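In structure tokens, one chain follows: the form deposited without this ligand.
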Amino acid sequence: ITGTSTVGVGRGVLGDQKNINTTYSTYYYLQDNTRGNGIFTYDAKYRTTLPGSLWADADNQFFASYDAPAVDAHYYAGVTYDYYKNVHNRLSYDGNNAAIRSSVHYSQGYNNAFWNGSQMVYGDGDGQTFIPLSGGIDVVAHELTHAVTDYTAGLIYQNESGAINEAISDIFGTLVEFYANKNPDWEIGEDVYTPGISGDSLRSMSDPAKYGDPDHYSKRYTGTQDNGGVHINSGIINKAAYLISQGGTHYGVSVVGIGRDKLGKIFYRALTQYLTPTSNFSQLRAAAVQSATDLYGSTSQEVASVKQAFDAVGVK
């Protein structure tokens, strides 16, 4: 809509206060005109039709429980936009400052969130497995990163390419979490998963085996469920990414960590310059090695560390 750019204040799903960019026209709308071609957040009103209604509030204060998912979908969309723009010079998910649209209160007791090809969609969870999923910045950024992948490498969502696809989304979801300095960690979904159980998450990048996911190519899942294990085999790449950033010894292989910013640079370059729809794990290693070579030089520590990390997870 058309109106004056304002700054509201609210609380997100976890009760944390934060300012949000709104637009004033009779009501204050969840429309942020400060980023790209706008970040727009919608109320789906427990329906499954999308996007629903552009979110309107009478007083620019968003402290009601019903507001909380909309605050976080809106705010974390902005933060994800800021990360890709400031860190990688990427303008929104399509590189052209496309509008980022998000619908919250999708359906009822819906334990999921997803990029659907044109927008973000967030369930509220059933209160046991999940609380409203926009409360997790890594979930927001994980899903928006699928759009980035779709517009760049086009990785096919099955088998090894699909595991790389998921890992990319876990890597940049986590790097957005760190960049936002929002209680960062190498877990995925910890802020919205199982409110009754503390200290857990959907999966761990630093120790995939904590939740029974492979951390080495020899333990890769070869079944047909989960589209060939895309959410399972991603642990192999996630652990490699963790090792590149933080270092460590894994199955006897010592990795010299090079930090998160370099991890992000190397994998963003691999994603956008080298990966293709059918890239497998070995081709990802080569794309990461070449990316580190482009950025830091063939004799660099960064290149050596990438090779050590893929060695550690058994990917040649």
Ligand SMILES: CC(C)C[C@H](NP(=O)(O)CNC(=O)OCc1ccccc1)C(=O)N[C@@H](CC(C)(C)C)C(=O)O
Second form
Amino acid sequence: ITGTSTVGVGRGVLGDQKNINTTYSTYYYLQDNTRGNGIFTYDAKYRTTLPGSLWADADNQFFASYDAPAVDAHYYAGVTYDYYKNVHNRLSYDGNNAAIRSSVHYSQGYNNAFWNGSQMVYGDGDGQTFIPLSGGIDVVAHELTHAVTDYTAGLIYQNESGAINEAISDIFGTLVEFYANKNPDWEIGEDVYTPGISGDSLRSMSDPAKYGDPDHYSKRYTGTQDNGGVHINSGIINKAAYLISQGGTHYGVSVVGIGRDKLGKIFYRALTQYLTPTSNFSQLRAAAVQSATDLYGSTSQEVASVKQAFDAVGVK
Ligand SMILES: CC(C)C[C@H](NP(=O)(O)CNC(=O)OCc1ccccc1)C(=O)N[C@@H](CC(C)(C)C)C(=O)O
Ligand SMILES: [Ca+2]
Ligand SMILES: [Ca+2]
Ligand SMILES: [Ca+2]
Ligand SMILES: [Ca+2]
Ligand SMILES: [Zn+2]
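I would like to compare: after the form deposited without this ligand, may I see the structure of the form solved in complex with this ligand?
Below: every chain and molecule of the assembly, starting with the one above.
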């Protein structure tokens, strides 16, 4: 909408106070004009018709329980925008500052979040399995990264290309979580998963097997559930990424870590310059090696570490 840029204040899903960029025209809307062509947050009002209504508030204060998922969707979309712009020189998901749209309060008791081809969508959770999913910065960044992938490599959402697609979203979700530097880790969704159980998460990049996901190609799933295991086999690539960054010895194969920033550069380059819609795991290895070669040189530690990490997870 047309209006003037304002700064509201509210509380997120975890009870933390933050400022949010809003727009004033009779109401204060969740429309941040400070980033690209805007970040817009919508109320789906417990229904499934999208996007719903652009979020409108009378007083620019967002401290109601109902406000919390909107506050975080809006704020964490801003953090994710900042990560891509500041770290990778990428302007929004399309590279041309496309407006970023999110809807919260999607459906009832909805234990998931997604990119629907045009916007991000967040359930509130059922209160036991999840609290509202926009409370997780890794979750928000995971979803926006699906848009980045769709505009770049275009990895088809099934089988190995789909598992790469998922891993890319987990990887950048995590790198954005580290960028914000509030309780960062290599787990996915810990801030919104199971409020009654401490210490768990949906997936682990450092040890995917802790939640039954494969950490080696020999353990890959090849059935038809989950689009051919896209959220399962992502563990193999998540583990490789974790090893590239942090190092370790995995099934007897030692990897020299090179740190998160270099992991991000290598995978961002792979995603945007080398991967294609049908890339498989072997092709991802080749793309990562070439990307590291471009950035650091063929004789570099970085190239050597990429090879070690893919060796460790059985991907040649
Ligand atoms: C980071 C977590 C919190 C959320 C994450 N959502 P997503 O974006 O990967 C879901 N994709 C999805 O709907 O594709 C199908 C589609 C394709 C095209 C258009 C529209 C939809 C996830 O990991 N979801 C898991 C479920 C869970 C949460 C582990 C319980 C699962 O869906 O298996
Ligand atoms: Ca208010
Ligand atoms: Ca965390
Ligand atoms: Ca996390
Ligand atoms: Ca929990
Ligand atoms: Zn996903």
